[PDB]
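Take a look at this single chain in structure tokens; it is the form solved without the ligand.
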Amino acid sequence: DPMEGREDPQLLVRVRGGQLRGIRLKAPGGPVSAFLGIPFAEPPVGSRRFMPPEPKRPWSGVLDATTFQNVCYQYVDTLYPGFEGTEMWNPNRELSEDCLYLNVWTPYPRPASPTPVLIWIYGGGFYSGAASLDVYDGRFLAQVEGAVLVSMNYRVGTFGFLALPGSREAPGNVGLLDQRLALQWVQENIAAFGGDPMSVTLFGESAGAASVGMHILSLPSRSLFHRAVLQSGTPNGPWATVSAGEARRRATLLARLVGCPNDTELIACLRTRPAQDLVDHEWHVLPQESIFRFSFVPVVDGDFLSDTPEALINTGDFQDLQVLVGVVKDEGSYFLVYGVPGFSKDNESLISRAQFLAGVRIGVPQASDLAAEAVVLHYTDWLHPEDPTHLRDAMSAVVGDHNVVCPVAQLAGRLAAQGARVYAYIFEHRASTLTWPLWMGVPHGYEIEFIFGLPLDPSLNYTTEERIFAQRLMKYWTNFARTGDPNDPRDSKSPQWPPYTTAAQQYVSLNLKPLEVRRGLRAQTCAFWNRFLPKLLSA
């Protein structure tokens, strides 16, 4: 670079591919280094669509790493024009298939000694999301905790997860392979930023959490990280994976919907289609009317996933693993306004008993008549079986328990029973700035802004208590990243966060009040979902 000598010497870094120049960003407490839009793969475009990522080839000169890159091609929610509750999750950069870039935040100047690395994997149902969203801003953890934080884009929707299992051209799970390639990039290069490749903690929410779980369950990924955090998502459960037959079914149907016919010719025809056509048709291939079900998700391929996640967590040895797992207070509430008759964000969504039964059929699409009746039985308040408020809240609880809370309880149980050190939480604080109605409680995904420390930015109008709270959570998360223990070794005054064990089943509540220890994560109910009901899910 001819202008290197006139520029900030503290923002120049070399990695395997070549030289990069980052940017000095302002965090409330001081500056941070950001290296944004670093390519970790060759653009998965044209003939590379549906294919595993190829490592980015070295470049000449100085790569401009000062701004976020393109967002992977995806559906954009336009249900509520101008509504913050949806818009804050929408892409904030141009959509492109050329999207395999990652981002790095570090202290400014960069750390002098090797520093624990946090790697964020975003959620969004495997059909959406971006590492560039404001809610995933790494600057606060970097400045306040001194963390090195990395986040990557990975392909979503058909581009990431359309599969014709067994084929060469569309093997499936390539979004997960994008994630893995980013993990390898970190292993080779993070030391140049002052990061410690021997202390890497994965964390993610929802589909990002399911992703993290799948890296736990896939051997080639295991040498690429040391600890994991799963927020409101699991590799097990009803939505995070499909079987090979179902993947093939869905891919074939989509292909027919966009006008395409041997796997090779089908896939080639698909590769001739515009990205937006694939996006425009991906939602028409689900087998039933449903919520919290996504068309193109990880597939049990016998490769990346050697078996079903339930099998793998049932037979796995997790002795050298420390994991942090948890849920928010109202996991199911959000999804109700997206397909259950009678629900809306703009009224109180008080429903009738008929609407509750129908809603149970939509939320548990695999339930036989008997299974559905059993769910209705368990969740009805038989003292007030017609009360619209109880029915609304019960609908929410059915969806949240089925898709998140009980799969999390199941995971935590299996991991703890088979060697892993497990910490469990429930997140119960509702953001003062939330624009979703009060009846939705603490919805899916609204702990994230507190983990990343956004309330520390005064311009965002959080309360003082919320700033303190955020600082607490940042401390828990980075403590866990550093030591595999969220507790402060110096702070014996504060209540301790005990490990989750099958014997005591202890977890903690995260809210404005000090840590409270509780026992049994929805134990009766999750026994219902995880032990009794699985036989009967067939319709």
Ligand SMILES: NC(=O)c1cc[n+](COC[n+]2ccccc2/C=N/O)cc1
Given for the second form:
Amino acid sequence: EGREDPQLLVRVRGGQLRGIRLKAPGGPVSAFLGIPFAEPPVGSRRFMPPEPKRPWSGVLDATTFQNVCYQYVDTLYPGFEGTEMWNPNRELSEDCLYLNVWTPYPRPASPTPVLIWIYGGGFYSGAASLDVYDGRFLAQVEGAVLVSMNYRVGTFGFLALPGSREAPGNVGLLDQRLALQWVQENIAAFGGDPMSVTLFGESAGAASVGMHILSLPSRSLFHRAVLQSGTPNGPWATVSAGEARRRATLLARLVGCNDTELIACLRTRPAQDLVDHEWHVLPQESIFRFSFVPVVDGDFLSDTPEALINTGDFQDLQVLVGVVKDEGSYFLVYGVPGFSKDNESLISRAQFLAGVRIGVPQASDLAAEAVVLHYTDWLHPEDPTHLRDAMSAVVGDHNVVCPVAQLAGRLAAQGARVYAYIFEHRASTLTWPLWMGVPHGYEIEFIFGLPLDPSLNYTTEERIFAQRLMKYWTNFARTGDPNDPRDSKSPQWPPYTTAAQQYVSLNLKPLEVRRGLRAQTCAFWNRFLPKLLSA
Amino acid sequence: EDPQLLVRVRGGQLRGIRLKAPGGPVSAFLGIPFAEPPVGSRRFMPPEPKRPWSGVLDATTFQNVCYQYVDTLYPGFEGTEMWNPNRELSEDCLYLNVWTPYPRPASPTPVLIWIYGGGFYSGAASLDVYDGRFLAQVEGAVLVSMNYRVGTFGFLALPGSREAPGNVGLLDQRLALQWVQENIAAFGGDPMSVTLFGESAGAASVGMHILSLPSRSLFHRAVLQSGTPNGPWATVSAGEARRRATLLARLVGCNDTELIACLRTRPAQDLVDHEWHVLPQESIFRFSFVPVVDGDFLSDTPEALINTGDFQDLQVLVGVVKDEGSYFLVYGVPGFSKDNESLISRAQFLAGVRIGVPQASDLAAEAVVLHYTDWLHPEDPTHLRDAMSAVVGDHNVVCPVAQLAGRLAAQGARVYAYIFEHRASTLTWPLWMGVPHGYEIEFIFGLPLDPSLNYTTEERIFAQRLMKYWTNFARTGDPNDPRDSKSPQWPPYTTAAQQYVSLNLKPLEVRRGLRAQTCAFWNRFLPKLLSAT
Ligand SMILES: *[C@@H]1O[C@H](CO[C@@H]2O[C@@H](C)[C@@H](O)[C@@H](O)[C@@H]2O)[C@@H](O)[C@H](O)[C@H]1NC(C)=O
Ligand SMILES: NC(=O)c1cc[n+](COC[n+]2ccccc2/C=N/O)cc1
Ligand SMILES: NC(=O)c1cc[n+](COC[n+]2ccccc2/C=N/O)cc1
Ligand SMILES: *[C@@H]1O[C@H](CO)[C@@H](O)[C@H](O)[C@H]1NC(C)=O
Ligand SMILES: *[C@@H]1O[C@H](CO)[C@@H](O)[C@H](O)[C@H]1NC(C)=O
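Starting from the form solved without the ligand above, please write out the structure of the form solved in complex with the ligand.
So here's everything in the complex, that chain up top.
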């Protein structure tokens, strides 16, 4: 120490850190990347809850992202930007429990509201180090303190033998919770306010946020939450104990392995062997379904997300929730025959009915026919364009839009302040075909402020749009209200209520208020389909 | 003695009456016996042809109304009373009426045969709304209407028995159709151009004649207004008919011969008094004694026969009014009245659904409620009221119509479809009821052309348009004016395009898909849900 930048040296509970001055378009930011928040969950620690990081000696270099948690790498369209943007950008390792902090430079003078990002990727993938999660624009433009953590995914994070000591399940969620605890203890060192912490995440990340809302030990660790295209309730975000046990014990067989013996044997297996087999344990040909996800354990989750949202008191909570225009389309090209990024994906009626079975894999025959009946345009029942778009809607509505509608409704009925959005702008830079619309995940780059980087080739309107979104999000973090307190001229974003069911459109035009989030179709999924299942 | 009013038919001579239509005179021959009075041992039996008569039979007056239940819900209210018998009740009621131009047509004229509705338990060809003079004067039509037995008298069945075979009210209709074939040329009618039209239960009757081979040689084209042979109310199975007749016989104090013989001893009103007590559930748009799938008149269910029939040489005009269900709500569903806005609660909506869809399981009724609830306005009483009407209308009329139209079109029939959306300015029902079941008839028959009735001038012009569609249809099987070169045209209904027209005060508008999404629920999904359960 002595010749370095004095404004980049910070101490946390575990010791000294040296960060890096990053260039954001408007000026410098401080980044502290690859901060360990847990003991490496390796060897005998695999499948186990994380233990806090033991203090280090000396100055830990925090200038580069750390390892990505061991994971499956999607190889469907090799070298295609649309798929590669989500793939690991650092070495895959089980030694991966590290977090990242961005702050203004120099660090804020007074306690600053903190945003904690939890990435998505089906609970089998993702990294806090991806370019779309770059906290420098929020830090620089909004003065935000931004934190993102890595958490264990796939088997390493979610393989459970429920009731066991050695693989109790949900440890990827405990990884996240430990980062939240780390922020509570340490964020003040960076100028962050531990008394104002907002969780935000997308897809599996948003399910994860919602699970922290529903899990008491987490509720002391944050104040507001944003759920983007994901929910703890719904068909994909959790599995019963029995189903987790079944999947884990099948995975075990598939790799050559009393839970103690089974688990001991799984711990002797190469990380890649587990990854190579994880996808093989799904009970049906599916899309938008993932092998190793949070388990209703009677611990982290004391009951099903459905039951917990229905009976919970959510008085002291503000939540921002929303969806993109086309939640389902991304998933079609990965498992539904007739669908491709490289053509118009105009499908036949036969391909529609096969796709409903894949998209709603838990459905009986009658339930599947109810879905088909509902989603068919009976004026044009064989029209390939309508069938393609209805297949998309089926998947989007079932997995995202209607779970989101359900969550916003239950939360608002029970005292939470809720704000709802539909994100409808398709990035001019998008590499997916037009038919896919505004796919799952393609709002993130705007919320994080990437269009502000002149080297990325977004339009001027997209720059301004991104700035708007950054304001909503940081205004919400700051106050639990995304509206500008100053700006009475701009259109206002009303809270979502059960009575009026209001939400706003997020696109290049000013905020437009709409009513009912697929109210008619979501009654099908949320009220009728359950009753039809049990019959 | 006016020679225009003297006609010889196979049974003998008839004397009709010169009636006045606003345009000029018409010849009416009313109260012509087409059958032996179905009295005594003939009760419940098929009709027999009327024996020849001596001298000149007086046909200047409507005959008696077939014995039936008279409605008492709103006594002396024109909206209910206009359907009530307007001549004396009698089992001796098998008579028919013929209007013709005056002087009678110079050349063979297309015949329209009206079959009234009234749920198979009521109705008469003598009601003012079925008055054939306007069509005869203005359109030059030969119009025929018959009485046919209704209620237990027309439809009580002990299927398999010789003496209560079921379907005799339909056999009455058929006999009148045979009468027209044998006799109509004497009035100037063309027996080679006969068009059946009817409404509600009369439209279902028309559809049954389409589905029964012996009837098919007796007509060439058909119009079904607000009713179909298929659907939840128009027919019962043989088992359910047997059970209903056995219950009724039990109720009045009565081996089939023995049971039927005892029923024939009972005064007519004793049967009517217990008619309504044999329904399996509390319901609306459900009727006690209706056509029975006997394996004879109906060789299979209307559903089976429409699915598998060959309808190549047939033209059909089918349609519905804007608010098929509203009428039925005041007759069984709590919270509904003509005397207020009938704004209902959610609880009253679920209860109404069990009554409106009486055959529904808990789960099926829940599907109905969930489909018809506006989830933006779940508890809005105006929405719940209109949805209740729609449930009844769709279930009983709109969706059966769409189903029939589609099967007929797919199987070779030339089909035209309409929705009728003009509410008479003279209607005595409240506004919330909209355009109720039955309230297009007065327009088709041309009553607005009568200045004394106080319809608006626009309604007279509209009634004239409709009379033209119906008679053009009768003449040609195409309702379009053959020398009207701007319109636009009324296209045939097909399964691909599903085109139908709106009939209102504005020019024809073509629409596609007659409640397509909702009727898929009723026509495709419900059958699978009830059966599976
Ligand atoms: C659209 O693409 C699907 C899969 O593509 C395979 O990839 C595409 C790009 C084709 O060009 C061909 O090489 C392969 O079939 C097909 O399943 C689907 O049928 C395609 N749509 C049509 C009819 O071209
Ligand atoms: N291990 C797994 O559960 C798994 C499940 C699904 N996929 C499929 O990859 C397609 N995909 C790619 C990106 C995001 C989600 C999805 C899921 N679609 O069902 C890979 C691994
Ligand atoms: N005998 C019967 O089945 C019966 C059924 C219904 N009503 C009540 O009249 C109401 N109504 C009046 C005109 C046309 C049909 C209806 C049927 N509503 O359920 C009387 C007798
Ligand atoms: C942006 O545009 C420039 C200039 O045409 C091009 O060379 C560069 O590759 C583009 N970058 C991206 C990320 O699209
Ligand atoms: C109107 O009258 C009906 C029947 O008498 C009654 O149930 C109700 O009080 C009124 N309708 C509603 C539900 O407003």
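Between two forms, the rigid core is the largest collection of C-alphas that superpose within 1.5 Å. Numbering follows the first chain given and starts at 1. Residues that one form lacks are left out of the comparison.
Taking the core as fixed, the only part between these two forms where three or more residues in a row have CA shifts of 2 Å or more is 535-539.
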